[PDB]
Structures are given as C-alpha cells and as structure tokens.
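Asker: Got chain A; can you put chains B, C, D, E, F, G, H and I on it based on the hints?
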Amino acid sequence: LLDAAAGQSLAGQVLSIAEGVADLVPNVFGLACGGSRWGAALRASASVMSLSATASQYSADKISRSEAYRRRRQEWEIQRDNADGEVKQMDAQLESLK
Amino acid sequence: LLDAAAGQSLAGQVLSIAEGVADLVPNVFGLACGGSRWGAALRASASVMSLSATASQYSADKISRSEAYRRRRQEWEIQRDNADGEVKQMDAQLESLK
Amino acid sequence: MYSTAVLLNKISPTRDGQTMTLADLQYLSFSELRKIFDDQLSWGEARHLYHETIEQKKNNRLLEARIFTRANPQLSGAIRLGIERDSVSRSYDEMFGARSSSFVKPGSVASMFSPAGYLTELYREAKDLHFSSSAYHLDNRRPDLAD
Amino acid sequence: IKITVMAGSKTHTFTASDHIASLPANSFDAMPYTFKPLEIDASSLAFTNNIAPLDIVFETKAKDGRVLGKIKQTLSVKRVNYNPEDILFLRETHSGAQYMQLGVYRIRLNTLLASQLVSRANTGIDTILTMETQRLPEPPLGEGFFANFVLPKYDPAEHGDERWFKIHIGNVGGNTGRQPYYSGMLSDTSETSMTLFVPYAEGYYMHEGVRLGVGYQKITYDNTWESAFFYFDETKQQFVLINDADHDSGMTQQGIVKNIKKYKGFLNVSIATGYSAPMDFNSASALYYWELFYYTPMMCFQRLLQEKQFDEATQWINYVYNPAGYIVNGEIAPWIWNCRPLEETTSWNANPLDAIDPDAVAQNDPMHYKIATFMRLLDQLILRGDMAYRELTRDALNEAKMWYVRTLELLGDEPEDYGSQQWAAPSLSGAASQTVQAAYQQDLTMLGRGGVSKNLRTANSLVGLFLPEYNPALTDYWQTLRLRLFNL
Amino acid sequence: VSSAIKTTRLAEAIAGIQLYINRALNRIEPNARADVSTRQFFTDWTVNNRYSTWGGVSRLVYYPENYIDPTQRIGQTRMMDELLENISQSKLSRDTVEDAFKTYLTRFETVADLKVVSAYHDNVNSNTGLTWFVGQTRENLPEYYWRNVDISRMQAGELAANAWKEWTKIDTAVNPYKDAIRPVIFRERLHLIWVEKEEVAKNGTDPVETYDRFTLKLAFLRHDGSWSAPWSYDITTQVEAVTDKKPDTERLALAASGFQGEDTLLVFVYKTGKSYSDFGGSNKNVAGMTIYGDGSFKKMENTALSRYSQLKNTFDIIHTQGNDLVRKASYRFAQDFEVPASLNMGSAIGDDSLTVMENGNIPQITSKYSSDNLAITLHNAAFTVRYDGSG
Amino acid sequence: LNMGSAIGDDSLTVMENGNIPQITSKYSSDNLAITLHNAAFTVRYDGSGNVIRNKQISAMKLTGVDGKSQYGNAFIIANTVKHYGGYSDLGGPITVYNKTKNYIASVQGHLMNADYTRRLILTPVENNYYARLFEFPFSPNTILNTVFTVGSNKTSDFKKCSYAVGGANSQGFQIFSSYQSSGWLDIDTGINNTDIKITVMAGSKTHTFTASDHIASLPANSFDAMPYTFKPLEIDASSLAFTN
Amino acid sequence: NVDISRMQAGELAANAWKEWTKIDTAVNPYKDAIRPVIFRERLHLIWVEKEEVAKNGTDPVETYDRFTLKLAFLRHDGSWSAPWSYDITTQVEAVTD
Amino acid sequence: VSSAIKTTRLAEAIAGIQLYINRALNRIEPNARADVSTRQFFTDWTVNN
Amino acid sequence: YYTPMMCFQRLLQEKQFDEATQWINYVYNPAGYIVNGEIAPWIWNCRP
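Chains as they are written, first to last, in the deposited numbering: chain A, 2148 to 2245; chain B, 2148 to 2245; chain C, 1 to 147; chain D, 1514 to 2001; chain E, 977 to 1367; chain F, 1319 to 1562; chain G, 1124 to 1220; chain H, 977 to 1025; chain I, 1807 to 1854.
Since no wrong hints were added, every one of them can be taken at face value.
Taking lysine-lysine and the DSS-like style, the derived pairs with C-alpha atoms no more than 30 angstroms apart in a straight line are: (1) 1386(F) to 1775(D); (2) 2235(B) to 982(H); (3) 1173(E) to 1222(E); (4) 1472(F) to 1419(F).
Residues of chain A clear of chain B, computed beta-carbon distances all greater than 10 angstroms: (5) 2192; (6) 2218; (7) 2232; (8) 2245.
Cβ-to-Cβ under 10 angstroms is the rule here; a few derived chain E residues that face chain I: (9) 1014; (10) 1022; (11) 1322.
It should be emphasised that the hints constitute simulated quantities derived from the structure, not laboratory data. For each residue, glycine too, the CB sits at the ideal point set by N, CA and C.
Excised from the complex, chain A in its bound form:
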C-alpha cells in the first residue's frame, strides 16, 4: 500500500504540468481581452517538486518498515537458536542425572 501511495503521488506530476500550459491561454474575449495566468507554469513546476518530495517520503517509509521486519526476523532466529541449544543442553543433563 505504501508503494502504491508513492506511485499515486508521482502520477500527478504530468497533469500538473499540463494544467500550467492550459492556463497560459487567454480566457476572456471581446473588447476586454486577456485573462492568462502568467505564473501558471511556475506554479506547476513548484507542484511537481512537492509531489516528488511526498513520493520520496512514502518510498522511504516503505523501505524503513521492510528492514525493521528483517531485523526483527534476525532476532527471532537467535531466539530459536538459543532455544535449540537449551534442549540439547538439557538432554545431556538427563544423561548425567541417570
């Protein structure tokens, strides 16, 4: 799901750029004309920067939790190995006891 979130964040960069291009076209006509949003392109480039940062943060969280699960498994393996040694030690004590 976190990987999907990062992909969805990046999926809006193309649309944001297209919006800036579209809003550069004048939109009022007659004997009062104009209406272009001059900074529409600049806002679009600022938006793709924000989406890039958001996608990076989602991707970093995905990897961070993944490696946390891996180190958690490594601790479980040591616990398993300790318990296996416990059984072997006690089976040898049975030989001593008898």
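Answerer: Below, chains B, C, D, E, F, G, H and I alone, put in the same frame as chain A:
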C-alpha cells in the same frame, strides 16, 4: 479513526471532479465574455491522485499498527507459557525438597 | 487456417497402416515434429499440428480429472448430496471397469503422483536425449534401467 | 542456392544463377547473399476465413548433398472484408440492454443488476445474497423470440456412434444455408431441454421463415419441413410456429403454403411466451457476478475465521453453503447450494491449463469450488472444537465432542484402499511405453465426444497405468478426528 | 559414498536420471539431440527437476482445492483488493464488515452500470483479433473505462467468459462533446481519441459574436498504465462544414482507424445519416485528418480522401425502421489485403555442426491488387552462409 | 410477483420458476380490473437430495419393455433404503415395482465382476436362496438399470421381499450386494390437466384457471421439466375489502 | 425519516424516528427550494439554484436570473453522488411572472 | 468412553438431545419434518446449541 | 544487461531462487535459448 481518515480522504474525489467540470463553464458575460478556467479538469485529476495517495498511507498505518498489536500479543503468549513452566518446575522441585 | 484432418492425412499413415492420430504426437516436441516431417509439412502446418496436439493433451487431462473428482470415494459424504454422475462417467466405467474407483492411499507405488510415477515421466522423456549409436545413450550406459 | 515460395497451387523458384543481385566473395567466412525483388503471383491462395498462408523456404545445399542451411517459414495474408453483414455494430434497446451483433449472432455487452440491488440493500445484506437475486431476468437482446426445444434420450440406432448434437439456424440474413447456432451432448438416461433466442428484424427472414434443426451425424434432419419453421405474423403481431403438426394449409412468411409436415428430430418445439432468461454466469459480466455472490462471502468468511469470529464467519459462509438448508418464504428451499453457479455447475473458463493457476482450473470445473467450500466448513468446525477443548471445563469438553462428531458425520466413513493390491508391477520401460500412452489417450479422445465401447471391457491384463490417489487433506481430517475422539 | 548412507532403488534411479538430464541439457555431453531437448517437459525443468515441485504442478489439475486461497486469486478486481484492505484489522465487528461490504457495493454499482459508447476492432476483418470498448458511467461525471475481448475464441456466436477483460478506469481528465470518444490502436498501443467543445469569441469586433470551438484530442496508454498528455488539434472548420453549421440539431460523429501499413492514424468526422456516398468531391458530409507517428497532422485533400471510401461501412448510421442509433465499430484499414511489412527468417544449423545460415530476413514485403490478381513482392531478401560449429 | 419454488410430497417432485412477470391495472367506470400476464411455473421430478432422488426417479426414467415411456404409471417404492450386506457396497439394487404394467426396475452404480453371473433375487431373509419370491437374470450380464416383466400381479409378494439382492448366484450363494427396504409408498405419476390450476381470490369473487382451458401451449409429457405458461388471467377486482 | 405505520391514535413511539444525518454534497439552494424524494428505491435530494447571468453580444447589457435544477442520490456507502443539472429558467419565469 | 469420565443425568440428556438435533437439521437422518425444523429455536441454533 | 542483473540480485537476496533464474537467463543460460522452437546458435543472449 485511521480507517475513518482514509474514507474521508477518498470522499473528496467526487467533489474535486465536479469542481473542475463546474469551473470549465464561462462565468463573465456581456460584450466582454469568457472566464473559463482551462486547466480546471487537469487540476481535478491531479487532486484525486493526491487524495488516493493520502488514503493509501492512512490505510497502511492502520494495518501496520494492527499487526504490531498482534505480534505484541504473540510475545505475551510466550511470556505466559514461560511463567506457566516456572510454576510447574518449582512444584516439581518441592517434591524433591521434601 | 488449416484443417487438422487434411494435415493428418498428409502425414498418414504412421508406419502401422492406421490414420495417424493426434494422440500419437503427444509425445515429441515442435522441433521433432518439424524435423521428422520436414518434407510433408510446411512451417505453418507443423505449428498447427503441434498446437492442436497440446490442446488435445490438455482436454484429455481435464476429462480424466473431471471423472476422478466425482468418483472419489472420500466424498460420500454429505457433499454427495450435490454430486451428479455425468453421462461420460458411465461410459468411462463401461470401458475401464473399476479403474475410476481404484483409489490408492498416498505413499503407494501405484499412485500417479508416487515416486514411481515421477520416475516413469523422467525415463519417458530422457530416454531419447541421445541417439542409440552414442555410448551416452541412457539404455547403453545403464541397461538395467529398462527392466 | 535457391529461394522457393508457395502460394496455393503455384510454386515459384529463384536460384543463385538468375535472381542474384551481387554474388558474395567465395570464402570460408561469412557469405551474404542478397536477391533481387521476388515477384510472386498470389492468386491461387486457399482463403479460409479470410486468411491464407504463404510458404517461404531458404535452402542452400552443397554438391555433397549436405544441407548447408534450411529455413522454413509461413506468411499470413489477410483479406480485407467490410461487408455490412460481417461488420460488428452495437445497438441499445429501449429497456437498456446493450448487445453487439456480428451477422446472425448477438452478444450481450452490459448488465442492469445494479438498480435491482438497491431495493435488496434497503433490507439487510441477507436479501442481496440469495438465489432469487441470482435468478433475476435480463431484458432480451432486441427484437426476437424464445423457443423451447426438447431432444430425445440417446439412441445408437437413430443417432449413431456418438452422442453429440448440433443445432443449426436457417433462413436468416441472406444466407439460405445452415449456420451453427448451438451445440451439446445427448443424455443416456433422460431428455435434454433448452431455450434458445432467435433474433428478428423486418425483412430479415427469407422464404417460409427461419429454420432451427438438429443434426447428429449418421442423420441430419434438414430435409423439407424437417426443421422447425418460425415467422412473424404482421396481423396478430406475434411469432408463430408454422409446423407444429401436419397442416393441409398454413400461413408463412410468403403467404399460404400447401403441404406442411411436422418437424423431425425434436421431441417437442414450442414458443416461450413472455419468457425472460435469467442472468448468465458465463457472460461478459461473469467476473463481477462471481465476485459478488461467491468470492466476496468466502473472503469475509476467511478473514473472520482468521480472527476467531466463528459465529459471524458462519453467517457469511452460509450465503454459499449450509448443510441445514436455506429458509426462503418460511420454507426449506429445494436447492442444496445457495450459490447458483455452483448448484448448476456453470463453467466459465475454457482454457484453465494455459498457465499454472488453481483458480482457473476451479473456474473450468466449479465442482472444485464445492469441495473447497466444504473443506473450509470442516476447518471452522475443528477449530471450534479445538478452542473449546482447551477451556478444560466439562461443558467445554462436551462442546468439543459435539463439534468433532458433527465434523465426522459430514465426512462419513473414510474409504479403504481398493486398487493397490490388484496392481501388477510393470517394468520401467513398460510404464514409459509410448504405445500404452497412445492407447489410453485414444480412449480419452473418443470418450470426449462419443462413448463407443465396442468390446467393452478392456481386458485387465491390458493395464500398465497408474491409479488415482486420495486427497491427503481429507485423510488428514479423518486422522485428526480419530485422535481427538481418542483423547476425549 | 560411505556405507552409512541409505537409499531405495527407485530413489537412486530418480537421482541418476536427474543427473543425466542436467548433463545433457547443459551441453556437457556431446551429440545431445537438440530437437528432443526442447520438449515441454525439459522447458519446464525448473519445476520438473525436483520430486516436490513436480508433484505440486501435477496435483493442481486433480486437486486445485488444496491451493485455492479465498484472499488472493489471479484476476482479483481492484475493488476486491480495496475490500481486503478495509477488513485487514484484527478486531472485525459484524457492523465493520457490513460497512466494508457497502463500500464494495458502491464500487460494484459504478462498474456494473457502465454502458458501451464506442468500439474498435484491431483487424481488417471480423474473424480474428481483439475488439476494444470504451464505457461511460451512469453518474453525472466524466469518468470513462476501457476493456477488450478476443473474438477469435468464438464458436457459433458463444464466447467464453475468460475471453473478456476487466474494466480499467482512464485517469486523464477527459471531457468529451456528446458521445464523440472512441478507442483506437496505432503504433501498437491503445490510444484514446475524443473531441471537446468550448465557447470562444472573436476578438476586436464591436458586435461580440461567440462561437463554438471544437478540439480533437489524442492520448495514449503508457507502459505503466498511466495516460500521456494529449495532442490537440482544431477541427472547428470541419465540424461546421459537415454539420451544415447546425451541430446542435445534427449528430456529430467520430471515427478512428489505424493504417498500420503506412504507420498513420486516419480520423474521420462526419454527419450521422442513413447511408454514405463515397468520400471527396461532391460529398461534403465527410471530412478527414491524417495523424502521423510524431503527433503532426495533415488535413485530407479530395485525392487522399477518396482512397478510404470503403471505410464508410464502419460508420454510425440511423436505422430506417424508427430513428434508432446503431453504432458500428471502426476497423483497421488496409488497401485490399493486409500482408506483414517484414519477415525475419532467423538462423539454422547445417549438417554435422559444420555450417550455419545467418541473418535471414526479408526487410520489405509489399502488396498490389490490380484487376483481380494479387501480387506480392519480397524486397532485398538476404541470408548468409558460414562455416561454423555451434560451440 | 415472484412465486418461487416448492417441494412436493415424499421428496419426489419439485415446482420451479413460478412468477408473474407483468401485472397491470385498469380503473374504468367504477370497477377495477387486474390482469396477470404470462403467469408460468414448471413441475419436475427431482428429489431434494437423498436415496429417493438419485435412484428411484432414475428407475422410473428407464424405458419400459413394451417401449419407452413408463411416465404416467403407478409405482410402489421403498420409503428409505440403506446398504445391508454383500461382498461390496455397489450402487445397490434399488427396485421399483410398476403396478400398471407389472414391471420391476432395478438401478445400480457399479458391478463387481463382468464374468460372474448376476441376476436379481428378492427374498424376505437375505441369506436364504430358497426363500426367494422373485428372480430375473440380466439381459446382458454387464448392464445396470433394467426392467424385468414380473408377468402377473405380485405386489403382495414384492411387499414381502425386503433385502433386494443383486449378486444372486448359486456358485455357493454369492451375494454381491444387498439393500434394505424399510417402509413402502404408493404413488401415481399421472397428472390431470384439470388438476393443474391457478386460482385467485379478490374479496368474495373466486377465479379458477386450469391447464385445460387457459394454457397457451401444453408442455411435453415427460419426467423432466414441464413448463406450463398460461394465457392472460383477467381478474374482476371490484369486491375487495379495503381496510385503511 | 419516521415510520408512521406505527401510529396509534396520533401517538408515535420514539424508536419510530431516525437520527438526523448530515448531508455533505455542497448544496446551495435558492430560498427554501430543497426537498427529498424517493425513486429507484433510494433517497434523492432535489433543489434549485439561482445565479446571475447576462446575455452575450447586446449593447444594452441586460442581466437575468438563471435557475438550475439539481438532483443527487444517496449511495450505498452513505456518500452523495454528483448531481444531475437541468436548466429550468423558462419554467421559473413563466410561473412567477 | 472410559469409566474415568463423569457426567450428570441432566448434562448427559442435554448432550444427547443436542446430538439428535444436529443430526436431524443436517439431513443425516431421513424423514425429518421440514416444517418443525423452521421453528425460531432451530433458526437461532447458532446460539441455542 | 544492467536491469536484468539488478533484478536477479534482488531476488537472490530475498531467496526467490526460481524467479531470479528467469531474469539471469535473459543474459546467460548454459542450456541455450529457444527461438522459433529451436536452440539458438549463440552462447550469450546479451548481444554486446
């Protein structure tokens, strides 16, 4: 509450699309006419992508915290079993002592 | 774009006076089929016969599975209330007798999934990996395997 | 050194003597040959379904006779066809049904089930996942009528060596010949009854009306007045069966005709009046239908089971299967499985073995979904008993026994091994024999269409084949129940 | 080996044959039959080389129920994946599952209530190939989906359910005029083409006159499933011409056809009628555009317009018996027959591993149907012979 | 209006797909007219799943020795049947006695051995060959689902014979398989068209429509599905008790 | 909503009533022209909206009121759909003179 | 069962009737009355068992 | 070259041995490569 947050994030997608449709219609009239927001539809599609990403992150947190509680309970089960063995072991030691 | 009946006719007979059937080509790869029948078949015809053979192979496998699934003695069974015997199931039993009901426990040599079954499949396909002229032929280096 | 092409019956050959642009340097290293443009008269190609093959061969042989290299290839030539009766078009009836038509055949494209689910959802979801909702009718695909056909029991004397049957359609469009319309298999125990939809348009039916006849091979009932004839009566404004019996005079598409004979092959043919067909679990909407009525309840059952919500899980799995039946209108329903495609065993996947997919196999034979659902119910019962067993109280132990006994009563008595001791041990080469494999596959292919068993019994000494194996998961259920009852 | 290790005769035979197969397939022992080593059994050697994995794939056909998972399945709908996420917690109330199911029903209604609006068949005839559809939602929102079906599977008008494909949502901000949106395939990938109508006025006129501007848009599906930024073209002159300056009272119609032989996209704009005459000259009811591989366009003249007249049988028409609209699927265009533009022969090994034939191909294949005979020309057919053994 | 389905007597027959697709109204003058269009339902011989379903219907479905049909005849069948003994549990001889033609139809699932001689034996003891009251050899030795032509009226003898035995040898005795009988039920499969009726009540008035008069097309007379579709039912609803 | 079939002699039990539920769909009706309605077996909300518009290309610029009818329905999960819109200006001017 | 396990007369009667109800509702014993098996007690058998 | 190798290493690091083999076979396979139903003459499937 996290599940509610994810649902609310997705609940704004329909409204975002409708806003882009509504703002495509020209809004100034007379002998100087126009006023359509050309990139309104493109912005709406970009917005739902962002809302989709936010909902995905909220859902991921809900599931991650839920499984954390489950692994926490599994550790409690091992602790309970260890304590049960302690009592049984010490009751066997009492027979040896007497 | 071809007719499988005509293509089988173009290769018939299969050295035994019979109309070469699709089941007889189980059996050999597309490269084998193109090489052995390089004279009678074009590239498109070889592809058509190979594809039709595989589809016949899959359908026969499904038909056997359909019969065995309903003939399983384990499902009698409150689930037997919703099990119906097909007409093809009765025709199979008239031909093969008690075969459809001769289930074996896992771990028996007679099972189709037993190590003996795996060994049969390995031997069937690896038998012809070398020509009979070669000392590397399976039946030459180890003549005991065939018996 | 020649290039040869085959276009139907004509064969063109181009050799290095005549059609070489520039000969390459004569050496042991790479010798690239490039040819002049090859002009091919492709006018005798066998066009089957508007496509024809072109065979091209590159061959170079030394004077030894060795093939220095041979490459075979086939080219596909496709004929453009924009004839109106061969062009796909889309229509939408006033009832809301969308269908795509290619000549005679019409295929439904959409679904209208969503509107009828709203009223069901006004009550609980118990009303949505019912047999009644799964049998809801769909509007017809444009103008036409529904006709009921009944076919006889299989009779080798009348039908022939094989039990299959084909139904053909007659005077539609401009084609007067037989077009395939439906296919199936005769039953050896009872009759087979079907309801087909025949399309209609103004001027669409030819002289005497449409034909619907049945063929069997060794006979094909499409002589004069042998197929069923239908026409649309402009006066009564309804469809009429022309030849339900012998008639010295009757009205048809082209006015009155004289000698009308009853149809042959069918036991009975009639017109279903006001009939609407229930929704098809093999249509273009089959994926969404299966998810709504089977896949979703089983997913909710599994998740609740994994969280030990046993009572809530039972409610969800009872939407598809319940051994105690289903209460509809205050009565026990006659059907065994509440999921309609399972009760009717509706296949909706024609190529399950194209890839390794257990679900695809189960979609081809929904019988496996019956077993899978049945085993899931056994899993819940055993888990219920195990948790009750662990509470250690007398009431808990009695509850555990109840669950285990109910599980054992659903399974029944486990069977013995029947085929192991009668199995003759073959040699390794005998089991891998190609003749044994081919003989068995021949019987399976014949069985897939016919059922011929001349010299019925297969002479038990004629077997080196392996035998089916019991399901290890089911035998584990019996093994578990035996151990639990022993300890109790 | 030491005498301590034990085995069985069948187990040892399996081990021996497995070793022999590995040596033969990996070219370790010479004179291995290259034709036999390509059997389906040896292609799947990654799972047939072990008794455990071989048994797994063989039992799947007979006992698939041992591998069915009610939570994952090949083909699971996105809405089903959403439902699984909503009940992935550990505390599942009865009401919580009901609420999650109601969310699933909301998605189900949206997809179920789709209605097909246009179709494209990716072949020169209706005998083989895939038919692509575009759907529209009942809700008052410009949401569009797409799917396809393989009709080469068809037998007597019946189609297996697996021949169909899931509805997939288009996320690219499409706002088409009326129902003028349809799919098309060229450059071997799915494209979406539609027209949009906006209200504009001419600048510098004292009587301010507003007019409708018609824009043709074209976008394609990218490798990861996203949609590209659309190309836009002005087709106002063509729209007014074919509708007799009455776009409101007539039905503007759009048709797109892929001319793969020339790597071009043919776009037609026409007035919906009952029948259509040939294109160009006296017929002003049909206008056309040619879109090239890089997005440029060339408005069609009368000479080029007449070249595609037979495509009129794929246009939408009005039924004579009652004014019922009958849409028709557009088709890929070819002159008279479609023949592939090239064929690569590949390579082949000569006798005794002494010679090899290399780099065989026919770069150009053309067609010519004059009178009633078809001529096929193979240009620059070539191959190379060389003395070489395959390693 | 969707009627639904219903289970018949003795779990022998079922009624399916009953509904009225269209219902119209008309208030002309001061009387209300209700029309039920295309009312239909189907009757089919099918048990809801038991021994009665699989093996007794299939016994009746067999073609008679006089030639096919057997539908519309009277039968006597066992209420509950169970496997009792024998070498193996085959499908088990499930015998049905045809009263109107004096036939005995037996049904099996599998046979033990093709070469060994097999016949039918009906005996009230099971292990006593010399207590039998019926015995018929199989017309082919390798066949199930046949009919045997008792010849006389021996219903009383048939009711005496429990323990239907299908092994039936004298190579010793050699009981291959046998089944129990429990109780006995009498059924007639003949249907009268005047008894297939739809009846409606509107206050004090009662309308009755049977298959004899108001049927559009009569269905094929067979053991399988028989769908009846009626002509439009015109109902005079002017005596309804309108409460609130 | 309330179930009035429960009514006995004009008295209504409290459980026959239903909780107030908030509508979240951006409704801006003109005056009090908003009401519920049931068709297709689900709750719909229908209302009219008033906007101030002028006719293009007229030297005396004349403003007029534009009336739009909106219709939305409650979906399965409790959300509201995008409203259908129709122009009813001619009907409004006719009936209100 | 072994002689080690104990019970009471009422407890054994409850266990016996529960076993009979399960067999009757699940179509394991023939001639079960389908009309009686739809009583409110048996519909709520998920909590009355 | 670089992308199939990267996928091989990641699958190998996660012990997905069968999937890793499929990716590394895009560049090297000792058993050859099937092209047009025949074993290809080249030893390495990566052209450079």
